[PDB]
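Only one protein chain is missing from this complex, and each of the others stays in its spot.
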Amino acid sequence: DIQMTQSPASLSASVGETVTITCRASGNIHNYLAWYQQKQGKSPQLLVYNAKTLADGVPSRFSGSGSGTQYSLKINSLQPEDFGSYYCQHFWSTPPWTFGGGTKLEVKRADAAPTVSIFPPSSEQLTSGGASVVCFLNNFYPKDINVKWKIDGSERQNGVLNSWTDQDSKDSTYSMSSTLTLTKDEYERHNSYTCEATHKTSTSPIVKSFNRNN
Amino acid sequence: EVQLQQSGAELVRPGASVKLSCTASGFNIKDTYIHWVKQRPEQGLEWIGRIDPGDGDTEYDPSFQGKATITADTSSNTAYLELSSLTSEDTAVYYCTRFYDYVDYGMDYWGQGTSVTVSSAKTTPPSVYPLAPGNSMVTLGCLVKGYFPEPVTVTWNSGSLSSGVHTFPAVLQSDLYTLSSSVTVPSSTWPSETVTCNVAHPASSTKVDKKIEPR
Partner (left out) sequence: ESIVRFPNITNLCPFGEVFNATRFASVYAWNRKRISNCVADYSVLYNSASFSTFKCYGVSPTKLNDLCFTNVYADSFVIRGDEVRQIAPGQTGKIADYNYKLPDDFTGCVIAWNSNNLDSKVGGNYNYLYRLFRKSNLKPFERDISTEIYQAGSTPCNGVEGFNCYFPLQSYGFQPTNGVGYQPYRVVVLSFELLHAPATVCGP
């Protein structure tokens, strides 16, 4: 049996740039190697076979090389349709025909600070006995970001859930929501609710708050 | 053209079994080998096994022996994957593909995938709450809380507001899903004009319109 690993796990690159991704087999697979591209929500498509031969209908900006245990897929002059995930698979000897873990290729763009918005619980939710406080961190880049909640000035970690979008198809930014879920009674025991976003674009957090007393 | 048409999404309880299908057109499955591949959410591809429909012979990855049973019906040009004793680790997209092991260049044709979700949760409609603020464009939102199964869809003004919309992926909270959607509009647009989020949860036959009103 042969185990397959890929590097890097994820990579960001600009349109027009050239990138190289790597596949490593645990033993010599003698060029019996295929590469696939997978776009979000679609099935994989074959790109390269026998390590270096392009499949029908694949642009020549893709090139495969390598030998033995180490193989490379190079993409020259990246185009928007190239962003997605890439997988390798070996066909050496006998099944299993194992796949690598994948490499996700994302778009690199200029850094951008988040636009932060905070929202108190709706009266409708409070009438039902609950209270969710929501913070949107929209249209930032790169994807790494930290959010801190403070209630009456004290940090709150429990009850917080975060969700990131995939990269936006228009401006290549990310967005994230952070939700603090409380009971109505707990919400009504405190006054000021704050979300603080820290992002590589500044050492100072972006802070948004409201006071339940108005 | 070659097509591999897979059966639809399945939602099943732990311990149950499910049988997925792949119907080929453009070639006869008896003339090749049909393979199945698993892809767990946000995870990689895993080869399950294959069948030779011409004589019934199968091969499996050892980790799927017993869990997976591949069969074929050449008369209807259909291959099947039966998964038994289901657990949450079996939640995944399953793909069928064609590959004649020692001849073909790679797995050239794939089905569209079939989503299998294994869960003991019950179908539950969402609660839908407005997100209104307590210089600049204005950001509004909708909180869609406590539903099962996925998915929900969110639009704004029935699609009239398409730019500046972000819908966040659902997350599990208390073993139900929650998501939110945001829309950013000019301050001259809201609240002068109505802004409504339109939420659909087809699994519960739920359609909710929620107008975002100023606080």
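Descriptive notes on the structure:
Per-chain residue numbering starts at 1, and chain names A and B are given in the order in which the chains are listed.
The rule is short, and it goes like this: contacts are C-beta pairs under 8 Å (C-beta built on N, C-alpha and C of every residue); 3 or more make two chains touch, one makes a residue touch a chain.
Residue B:26 is the one among B:15, B:26 or B:134 that touches the chain not shown. Against the chain not shown here, chain A presents residues 28, 30. The omitted chain makes contact with chain B at the following residues, 1-2, 26-28, 31-32, 55, 100-104.
In this section, only the chains that are shown with their structure count from here on.
Remark: chain A and chain B have CA centroids separated by 18 Å (rounded to whole angstrom).
Chain contact summary for the complex, chain A toward chain B: residues 34, 36, 43-46, 49-50, 53, 55, 87, 89, 91, 95-102, 115, 117-122, 124-125, 128, 132, 134, 136, 138, 161-165, 168, 175-177, 179, 181, 210, 214. Residue ranges of chain B in contact with chain A, taken from their complex: 35, 37, 44-47, 49-50, 59, 61, 95, 99, 101, 105-108, 110-113, 127, 129-134, 139, 141, 143, 145, 166-171, 173, 178-180, 182, 184, 215.
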